[PDB]
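Protein chains: 2
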Amino acid sequence: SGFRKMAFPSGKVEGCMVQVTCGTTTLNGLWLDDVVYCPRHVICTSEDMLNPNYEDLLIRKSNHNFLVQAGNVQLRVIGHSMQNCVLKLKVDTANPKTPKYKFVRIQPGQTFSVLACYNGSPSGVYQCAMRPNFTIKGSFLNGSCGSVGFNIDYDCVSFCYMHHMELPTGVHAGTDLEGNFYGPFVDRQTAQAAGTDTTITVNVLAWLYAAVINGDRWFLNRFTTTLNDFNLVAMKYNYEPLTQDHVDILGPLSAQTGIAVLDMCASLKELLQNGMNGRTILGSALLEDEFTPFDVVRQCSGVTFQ
Amino acid sequence: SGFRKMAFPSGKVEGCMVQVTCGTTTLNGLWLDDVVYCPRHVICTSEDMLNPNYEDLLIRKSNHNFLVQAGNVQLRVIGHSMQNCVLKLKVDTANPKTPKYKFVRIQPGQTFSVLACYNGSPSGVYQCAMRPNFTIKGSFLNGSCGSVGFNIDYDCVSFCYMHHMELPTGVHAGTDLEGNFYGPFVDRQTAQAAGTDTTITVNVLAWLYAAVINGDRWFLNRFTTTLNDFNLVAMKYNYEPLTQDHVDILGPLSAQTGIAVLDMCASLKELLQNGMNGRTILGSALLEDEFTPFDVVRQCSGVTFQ
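Protein chains in written order, with the entry's author numbering: chain A, 1 to 306; chain A', 1 to 306. A prime marks a further copy of an entry chain.
Just so you know, these hints were derived from the structure itself, not from any lab. Zero decoy hints are in this set.
One copy or two, either will do: identical chains are not told apart, so a pair holds if it fits within one copy or between any two.
Within a straight-line C-alpha distance of at most 20 Å, the following computed DMTMM-like cross-link-like pairs (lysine to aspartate or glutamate) qualify:
#, residue 1, residue 2
1, 137, 216
2, 137, 166
3, 5, 166
4, 97, 14
5, 269, 240
6, 269, 229
Based on the provided sequences and hints, a complete structural model is requested.
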């Protein structure tokens, strides 16, 4: 029993983190086989951050303008190319610690682990969700750009996030590992804002199921609701709409607990309309939305990874 | 910016986890140099869990009664001995992935990362505190015994916890790596209870400082309090007493923010007496007590580990 914000074991990713230095800028890169992936703004100077033209900046660079350090070992750059907002540095050594891996672009509402790094050295690991507005509520300081987010599936690391920037509200924006930003953000230091966020309804429901799996039942009721009527109340509380496909995903948790999805929706409805009345669920006084249905099944049943 | 429940990178520990099997019981072990550490109740049978005499059970075992599996490789046991509640299996191969490490017995209020494992395979990583009643609020399922908790300091892994059992309230009890339980608990399946817990006052204060570091100031006030008068209010709310030594530890955070410790105590006092009035601090509607002053400095300033 218990329910924690659980990240994936980070060792397979730790073995891939390196330091990339170009001119006066140092950040993190991801070293897989003989390629180092890092944010393209490594080639930016403090005077070129306002509106850089990266193609023009990069054609002015040579291979030897890029210092890649893996531990206390210098890797030699033998090619470079830009893909969207990431730079790909070909190095002359393949990383012997390369795990089995894929690159995946995730949907908002999905969660992932972040290995926060500075100077190519891992600092900590924590769990994140991609918010509906395509920011993440990370924990990142200067020098963290290039830190990656990932899920692990048996033995395969699916990289889904590379950190690029912090927004004025203190949330974070970045790219998939092919360099495409999540959301409307661009890698220039101009006025940008997150856009209104919403609560991930299907995730809150999964976490209510987690609470029931772990013996919490105080918040249930004898009511039910239609999907339509639930969504009318969700909208009022800034929850995003629950789809039939969300309902289908919650099937396994429904079956394990004996609580119809729409009945758990009626319980959520009541929690939205009445609050929690000084009570807690799984040690939280807020309705938690950063666990997916998969996360709950993984933790309440115990899937490992080799 | 941001503030997350941040665990240490787990890779140095992942490389130490193994599967220990004796008879019908399988659990996790920690493989450092040529010794495998695991809970001594691996030698217990389903009929010997009520009140086992471990010395009598273990003298009946041979080296070959212990199966140690590291990955898809079988390690041969060449000695065994019991130290308190842990068994130490001498194996004929030293773990080539042994990090620099120490064993440390921690004080209640201290935090650590837990690498939850099943069948010697890491499942997830999360951050824990040792509660004042010497339980931890973990997330553990059958088969998790022998999973370890740790801190990392530059390059050195300080193991401080090995998981042994779940209590009826769903919290967890275990030992240091020398096999001494935290708290009054014993490794037998008899009536045991956690004992009344309290909130870790110095940690709540650190987290209030974290909030200020990150730009939250709504909860401050213009009052101050004496240490004596603060402690009179803390007791009423089941907070443990704040000591002058707690005050001293909070010095660096005090100096970084310009807020005297006793002034932050007056802010805490007010939050205890008035509640949070529908407001949140660092994304929590509860006063959070599982970050130490060290944890806050580490995350809000960015210490790495090699």
